[PDB]
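J.: Spelled out from the first residue to the last, the chains are:
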Amino acid sequence: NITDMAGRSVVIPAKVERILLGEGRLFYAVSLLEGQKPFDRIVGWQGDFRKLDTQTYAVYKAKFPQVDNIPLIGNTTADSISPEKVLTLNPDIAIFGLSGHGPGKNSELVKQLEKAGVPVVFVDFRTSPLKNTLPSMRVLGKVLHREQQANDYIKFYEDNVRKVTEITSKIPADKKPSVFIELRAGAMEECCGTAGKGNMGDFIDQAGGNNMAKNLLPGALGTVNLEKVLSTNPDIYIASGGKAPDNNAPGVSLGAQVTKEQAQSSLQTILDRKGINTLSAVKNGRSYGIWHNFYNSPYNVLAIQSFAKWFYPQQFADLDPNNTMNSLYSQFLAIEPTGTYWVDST
Amino acid sequence: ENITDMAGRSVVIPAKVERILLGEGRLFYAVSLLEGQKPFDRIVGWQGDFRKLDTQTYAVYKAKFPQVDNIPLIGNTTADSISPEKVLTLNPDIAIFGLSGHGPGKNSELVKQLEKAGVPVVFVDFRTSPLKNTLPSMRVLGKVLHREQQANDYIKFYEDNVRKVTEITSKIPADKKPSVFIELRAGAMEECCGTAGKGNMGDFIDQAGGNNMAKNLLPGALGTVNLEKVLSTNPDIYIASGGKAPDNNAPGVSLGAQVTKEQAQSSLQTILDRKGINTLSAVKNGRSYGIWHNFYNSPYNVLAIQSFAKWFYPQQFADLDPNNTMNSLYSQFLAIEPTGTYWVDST
Amino acid sequence: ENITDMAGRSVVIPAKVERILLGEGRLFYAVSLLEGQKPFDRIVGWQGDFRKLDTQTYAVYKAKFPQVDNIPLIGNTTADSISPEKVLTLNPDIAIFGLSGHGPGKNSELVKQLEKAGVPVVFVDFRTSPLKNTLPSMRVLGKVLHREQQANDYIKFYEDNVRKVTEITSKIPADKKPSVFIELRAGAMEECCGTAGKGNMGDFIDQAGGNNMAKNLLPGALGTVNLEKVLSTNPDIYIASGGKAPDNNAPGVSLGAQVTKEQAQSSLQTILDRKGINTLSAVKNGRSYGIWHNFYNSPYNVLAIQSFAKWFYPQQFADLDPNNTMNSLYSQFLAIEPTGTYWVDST
Amino acid sequence: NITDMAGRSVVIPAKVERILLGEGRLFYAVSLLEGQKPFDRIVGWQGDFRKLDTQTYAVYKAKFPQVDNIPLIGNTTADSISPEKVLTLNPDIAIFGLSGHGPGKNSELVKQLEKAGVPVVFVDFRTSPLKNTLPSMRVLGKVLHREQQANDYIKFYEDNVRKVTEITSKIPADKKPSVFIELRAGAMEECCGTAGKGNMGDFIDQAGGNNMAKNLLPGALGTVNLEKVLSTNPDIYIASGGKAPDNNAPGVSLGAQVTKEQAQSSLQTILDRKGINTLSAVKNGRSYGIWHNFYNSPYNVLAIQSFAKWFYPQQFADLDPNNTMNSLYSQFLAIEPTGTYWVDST
Ligand SMILES: N=C(N)NCCC[C@H](NC(=O)c1cccc(O)c1O)C(=O)N[C@@H](CO)C(=O)O
Ligand SMILES: N=C(N)NCCC[C@H](NC(=O)c1cccc(O)c1O)C(=O)N[C@@H](CO)C(=O)O
Ligand SMILES: N=C(N)NCCC[C@H](NC(=O)c1cccc(O)c1O)C(=O)N[C@@H](CO)C(=O)O
Ligand SMILES: N=C(N)NCCC[C@H](NC(=O)c1cccc(O)c1O)C(=O)N[C@@H](CO)C(=O)O
Ligand SMILES: N=C(N)NCCC[C@H](NC(=O)c1cccc(O)c1O)C(=O)N[C@@H](CO)C(=O)O
Ligand SMILES: N=C(N)NCCC[C@H](NC(=O)c1cccc(O)c1O)C(=O)N[C@@H](CO)C(=O)O
Ligand SMILES: N=C(N)NCCC[C@H](NC(=O)c1cccc(O)c1O)C(=O)N[C@@H](CO)C(=O)O
Ligand SMILES: N=C(N)NCCC[C@H](NC(=O)c1cccc(O)c1O)C(=O)N[C@@H](CO)C(=O)O
Ligand SMILES: [Fe+3]
Ligand SMILES: [Fe+3]
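Protein chains in written order, with PDB author numbering: chain C, 2 to 347; chain E, 1 to 347; chain D, 1 to 347; chain A, 2 to 347.
This is chain C alone, in the form it adopts within the complex:
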């Protein structure tokens, strides 16, 4: 038996072959365990990975066209999941997130699955990445019978994060740069989405930054008004996005099918917005883009490294997130790394 991220006891199945993904992008944690056979044990998933990660999807489709035939249990919201379609896939395990675009610990679907005799595991990369990322992988390892892959990934992760924390854990608060992260910048109805005590805030903390929204918000995600950002006038501005290159909607283009030219061109649009464009950080060129889906992925060590190099350029001159990304893919994944997951303003 194991304790999941909701504190609940889960009896590990003897053999797993029918994994249900409550949130599609929980695939990222699964991908680190399944080696060259990524989709072999997925009976169905939330449609967020296919619809909100179109780039990473297309790359896996070109090498694995059977991905199109994995059933979508819903669209991009917990409320759109048919519990009936879920149960007819006869899962032998269901992986859910404490938060996100899929069911949480108190949903009806979780109770239905408990009545059906199906083990449910809660992980978390989104609410409390710092507390939860590694424990989540340890647990997924045990319940999916991929302890070796999991232990390998934890060692890789700890080592690559320790490269940052060995330095930033000793830096005193008054020497840290102030940071604002604008999630899905440009692309929300009301500006400005950001992270508080949690989510990408954990990355700012680890990378030795000072999140200006840490004390403005009670939860992991929330909203701060444009004028509050202008008034705080933080040292460093970071925008997250995952927009596909050939999408004329507002947002930052980043992901597997994005070139540096397009990442720079679209970040600039984001930085040219009224108000934003007068920020000291934007004028001084301390303005950056990070791929949004790192907000819910155990690949988040790539962002902690990208934030650290932006917060202390020379102290992390020698650190290369692209090499960490390449080591990750070659050691663990079944596709080749492409595209741009981070960008600096021209």
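No lab work stands behind these hints, which were simulated from the structure alone. All C-beta atoms, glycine included, are put in the ideal place defined by N, C-alpha and C. Some hints here could point you the wrong way.
Stated by the list, open to error - Between beta-carbon pairs, the in silico distance windows are: (1) C:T78 to E:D247: 17 to 27 Å; (2) A:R163 to C:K171: 20 to 30 Å; (3) A:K275 to C:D321: 39 to 49 Å; (4) D:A59 to E:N248: 27 to 37 Å.
What the hints assert, rightly or not - Examples of chain C residues toward chain E, derived with CB under 10 Å: (5) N107; (6) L222; (7) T224; (8) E228; (9) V230; (10) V283; (11) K284.
For chain C, the structure is supplied; the task is to place chains E, D and A with the ligands on it using the hints.
T.: Then chains E, D and A with the ligands, alone, in the frame of chain C:
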């Protein structure tokens, strides 16, 4: 009949208004120009900023209108302290909010609640972009409160009294303009120095033909510049804002309805005697002044634009008198008598 | 409604409170600022530290309120002496506890018992992290005791009176600051010398622009530094804390409501005449002072921050008088008259 | 009475009223001593200040038109100095530089002046700034009877340098960025002029940088070929210039009459040159401009600070060399600071 507010949103003009909700208490100043001798007749409730952050002007209105104490306070001095429940049970027929300040903004939940309740919401602004927004705000308030005459009268008064300044300062070339720093609530904040960028009192500096040293240091209307940056820039003219009550020995400039010239100058001097500030060229040369803080969010801000022009070019505006303008303002529009000191020069 | 206490825990605000339990008796000081002329009206019971470790302030309240003797003592002066049974039979509707001190902490069994009994528990702090916690503690007590006005009034008073110090000391560079050692309950502990690290009275030294020699010797808010370490560091300024009653022949400094200047000066001198202490440069040079110990856990601690600044920079704070601040505090908030000596200088 | 920078003993004159400047830009050291009467005691000077510092000249001329009437003893080279014109000015002291566009310790003119009974003082801000800048000011103080001004300036300088060395003195060599400084970049016949163990090299050393030319060159100044720079591929590129805005000759525009936008546009031209534009430092945006005349001025504490903030951006985020310049001008000089003495690439 609809109107476009200061947030760009369309608002349907109520047929009759008798229950005005003030998102920020000091938005009363705009309302006071419209309500003549019956200032508080139509106010169902307001933010507590006017009563708690404008104690002097409050006390003067209370002595003539004791019923002001019975207007409900929907919160203290911050948007986050407003109970949306208390707000809705006052059954307002209009809510007036500010684009910025100590009350809810355009994206607050309370604004959405009120829209669900069928209550028209109007955004005004005297604080973020006074130059763009002050007159349009009054025009709009005129239409939605059915006081078009009072509003048009006040716009004419305002335009004329500002034109007295801009007719001169609009033709002055940049290289003849004095550099200016305004230290908001000088001495009274934890961390020095609050100031205004391209907005707020910065708009007044611009209009009065001054050169705001913080214009390009800051992205927003308000922000913070460090003492050493001020010392380094060493601007021609120093201005401190305050609204401290006379009998308060804490640091801050005393200005307002119950402040005498002696208290305003004694307390400005304390502010100018602070380490660092006291080595400014502007302080040593006596180009140091005090302005009443609440002009940072009031359509009476024409008084500050004029005080600024007279400090920026003393001889060219020798003949201009802001005290005459305040008196014309009060007598024409208000229901109280002008008292106290709203600005001061160092001696 | 709900609020966050000083332990990070959410507390549901009772609709009406009439049975307040004080985990530490001297938490009364925070309550006294809210209860006006009816100080003891809502206290069902308290730890015996206020009655037994604050005999002077107790006696003054007893003479005006003899019913104070009938408030139940839930224990003596240590968390371990509190009977949880006596506590629960008082049927409290709220319990106020301190993150640290002579009463239960956040992990005690009594706190869990009360949670099982459906009784809200609120953690405040004036002792571990006064700088971070004093004002937030008062705001919180305001909300849960339905005295938001009194609390907000006291915060404004406090901020203003501290700002009188910090406006000056916040700009002073480290190399111009005096070194300071504070000896808590000097002369009265078994092993010399108790003091404060990064917390407790250390926060006051920091704010008053001093350099606490024990800041980096100690991990916690309280600890112990050896006499020889003090002698070796030989700090600029020596401060002794005490609260000993005048007619108490035990060792320590006499300070409090029933102490005269001469009893405070004479007893400080005994403390300064002790072997080792008496060779300190600060003692020989007369930069030696006494402060009332209980300021180590009281929102009246603004009086200590002000006494410290005036000892650290005598001429820069010549004009500041902590006695006026105490009198303004008492008259505005309390139900007794200020008496005695809360601070003393060596002759 | 005092030992100059050439090791020679100079007899302090009882009263000085006729100062001869071997190199015009030695005026900068004099200006720190003469308060509001900068030109009162100058009998004549080399034409380098008037002809190679046209901007700083024009600013002093607008307040002091009598500067145009100070005699020019030559143009911009030691060989163009008429010793006859020099001697008829009847100087009572001559200030010369160990190196530069004026006579050195072995020149004939120095011997002529010794025969004429005129005290000669050697200073140095150019060959060995680190060893010589402060001793030079101490000496000038004594011989010009401005000991107070000199001691005031030394304290100011030491304090403002200590702001840098407190941090960079504890950085180990292997964490330091490699740096190349291209003096009068774009403006020489043959690329690339630079500094070795001396001149602006001393500033790189102090600011915790690693001068790639330190061991390529024997002297304070020299030349390294473009290909050697490309091959070393240093972390940080710095170009010096002092070109006037309205001068369309090649080089970087910096000085009292230069705006930031003109300094950025002209630095960019310099960075767009063949070879230079493939440097990692240029592509990564670690490319900067510094005002050339800091290569021979006791105001050089401004460049040391500008270099440290470029070498360690976050560790010196709170340091402002512009506030330092302003404290310098207000405390010591008779004119108002204007223009751009340093620039970052867009
Ligand atoms: N399209 C929707 N209606 N909901 C989206 C899903 C869940 C929601 N998402 C976010 O808040 C969010 C914020 C910033 C950036 C993102 O990518 C986001 O997905 C959400 O998290 N809701 C909370 C509270 O209900 C939760 O599920 O815990
Ligand atoms: N809690 C909400 N209602 N909205 C916040 C999240 C929902 C929605 N998110 C996306 O469209 C999205 C796209 C790519 C990756 C993601 O994680 C996403 O969450 C959203 O942000 N909607 C905007 C309007 O488009 C909004 O509601 O502000
Ligand atoms: N007491 C508080 N914690 N907040 C007050 C809320 C408004 C805040 N005020 C200022 O920035 C300010 C600055 C100088 C002088 C003043 O009188 C001020 O009130 C504020 O303006 N917030 C901005 C952005 O947060 C806004 O609402 O647009
Ligand atoms: N946005 C903030 N966090 N601070 C700026 C304003 C908050 C507060 N304002 C006032 O007290 C105030 C008083 C009169 C008139 C106003 O318009 C006011 O805003 C403030 O300044 N607090 C101080 C704490 O003493 C501070 O922020 O340093
Ligand atoms: N009578 C006892 N045996 N213990 C008393 C408990 C409180 C204890 N007090 C001190 O350590 C102290 C030190 C110097 C001066 C004082 O007035 C003191 O009261 C205490 O603080 N305990 C801490 C650590 O154990 C706590 O409760 O967190
Ligand atoms: N936790 C401990 N063991 N000692 C430290 C404090 C215990 C005791 N404190 C007091 O008597 C006291 C008096 C007035 C006000 C206070 O806050 C007090 O704590 C104490 O000091 N004990 C001495 C023995 O006398 C000691 O332990 O050295
Ligand atoms: N105008 C000339 N033809 N010669 C000037 C003589 C000084 C010469 N200067 C430089 O080489 C120099 C190099 C880079 C950047 C500069 O600003 C320079 O002035 C020089 O230093 N010559 C040597 C050897 O005679 C010396 O003076 O020690
Ligand atoms: N020793 C040499 N022959 N040349 C190097 C310096 C001589 C000349 N110097 C300047 O133009 C100059 C301008 C401003 C400030 C200075 O210190 C200067 O030296 C020079 O650079 N000539 C170039 C021809 O463009 C060259 O020799 O490459
Ligand atoms: Fe999302
Ligand atoms: Fe305000």
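J.: Hint by hint, note whether the structure agrees.
T.: So, going through the hints one by one against the coordinates:
1. C:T78 to E:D247: 17 to 27 Å: violated, 59 Å
2. A:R163 to C:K171: 20 to 30 Å: Because 23 Å falls inside the window, the suggested range holds.
3. A:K275 to C:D321: 39 to 49 Å: violated, 28 Å
4. D:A59 to E:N248: 27 to 37 Å: holds, 34 Å
5. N107: Cβ of C:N107 sits 23 Å from chain E, so the hint is violated.
6. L222: violated, 16 Å
7. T224: holds, 7 Å
8. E228: holds, 6 Å
9. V230: holds, 8 Å
10. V283: holds, 8 Å
11. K284: C:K284 check passes; min Cβ-Cβ to chain E is 8 Å, inside 10 Å.
Violated hints, in rising order: 1, 3, 5, 6; the structure is consistent with all others.
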